[PDB]
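As a starting point, one isolated chain is supplied in structure tokens, in the form deposited in one PDB entry.
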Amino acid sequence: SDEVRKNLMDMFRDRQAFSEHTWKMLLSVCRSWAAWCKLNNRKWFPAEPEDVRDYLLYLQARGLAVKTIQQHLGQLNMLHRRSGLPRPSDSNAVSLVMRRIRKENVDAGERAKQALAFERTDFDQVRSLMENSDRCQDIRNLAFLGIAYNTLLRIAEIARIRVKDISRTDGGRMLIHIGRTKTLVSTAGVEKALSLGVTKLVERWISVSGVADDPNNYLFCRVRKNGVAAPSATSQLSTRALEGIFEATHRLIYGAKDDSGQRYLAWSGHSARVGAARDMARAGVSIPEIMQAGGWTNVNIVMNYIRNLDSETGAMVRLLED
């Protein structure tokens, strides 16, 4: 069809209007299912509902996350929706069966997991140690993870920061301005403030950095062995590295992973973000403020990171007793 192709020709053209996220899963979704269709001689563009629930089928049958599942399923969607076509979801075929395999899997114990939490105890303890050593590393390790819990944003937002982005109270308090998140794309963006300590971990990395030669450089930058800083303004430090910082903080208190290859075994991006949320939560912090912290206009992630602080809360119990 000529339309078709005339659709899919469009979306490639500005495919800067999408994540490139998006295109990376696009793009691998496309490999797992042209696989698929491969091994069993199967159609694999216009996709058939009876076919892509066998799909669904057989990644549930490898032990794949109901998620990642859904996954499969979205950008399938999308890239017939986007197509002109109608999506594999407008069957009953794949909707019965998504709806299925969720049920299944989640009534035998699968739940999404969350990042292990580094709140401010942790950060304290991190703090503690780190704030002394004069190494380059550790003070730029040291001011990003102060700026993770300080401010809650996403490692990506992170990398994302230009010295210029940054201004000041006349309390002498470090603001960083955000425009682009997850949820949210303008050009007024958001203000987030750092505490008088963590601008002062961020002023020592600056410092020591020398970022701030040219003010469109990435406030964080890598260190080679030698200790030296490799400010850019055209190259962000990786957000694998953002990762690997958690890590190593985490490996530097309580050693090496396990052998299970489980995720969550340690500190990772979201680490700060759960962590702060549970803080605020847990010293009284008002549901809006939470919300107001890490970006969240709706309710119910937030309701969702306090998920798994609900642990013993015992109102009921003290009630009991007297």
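Positions refer to the first chain, counted from 1. In this text, rigid core is short for the largest set of C-alphas that superpose within 1.5 Å between two forms. What changes on going to the form deposited in another entry:
- Core-superposed comparison between the two forms: the CA of residue 308 exceeds or equals a 2 Å shift.
Moving from the form deposited in one PDB entry to the form deposited in another entry:
Nothing else is written out below except the one chain.
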């Protein structure tokens, strides 16, 4: 059809209207669906429902996570909708099998994992331990963790902070201005405030690394073995290096991790969000305020991040033990 190839060209042309992380996965799912269809004698586009259902079952068999499957089906549906054609998920066949694959895998014992918390207590421990060091790297990584736990900002967002995005409240408390977050991309954005002590942690890093030289320099950068920061304004610290700062800081207090081959054996990127999420909940912060804090709107993930007390525990325990 003419309309289809035109609708597609429209998209690929203005592909930058999408997250660079959406294109990465679109191509990914496609090249995988590309295979199976060739190695199974199938027309890969437009997708025929019975084949998509077969492809979804193949994925289940491969031992992939419920959510990983939801995405493969997910992108296939996009490529189609954005085309003009109907989605594979518009056919009972495809639709149902998905739910099925979901229902099955849950009972089978599969559940959605989640980052390991880095709570107040941890931040409190990693501070007194590296608080004195004079190493640049050490000075930096502390301010990073400081902001990560104090703002619940995602690593992607921290990595994008520019020195010119920093100002201060009348009281001497720093204020980082965040532009585009995961679920908001506008000219207004929001202002995230740091605690009176973290702002110190950051100040010490701002100076010891001379990034304040050009206000276009990104707050966080690299520090080579000689212990010298490489402030930049075109190259931001990669989110991998930031996920690094956690895994390291964790090793620093618990050494080499398990041999399991499982995720979240050590603090990762999302660790401070869920951590502070808990700490707040535990201190009795209200729903609307725990919201404001994380940039959330609903209450789910928050609830997903809880399981608070185990040993003595509280809530009911504390209550029954009148």
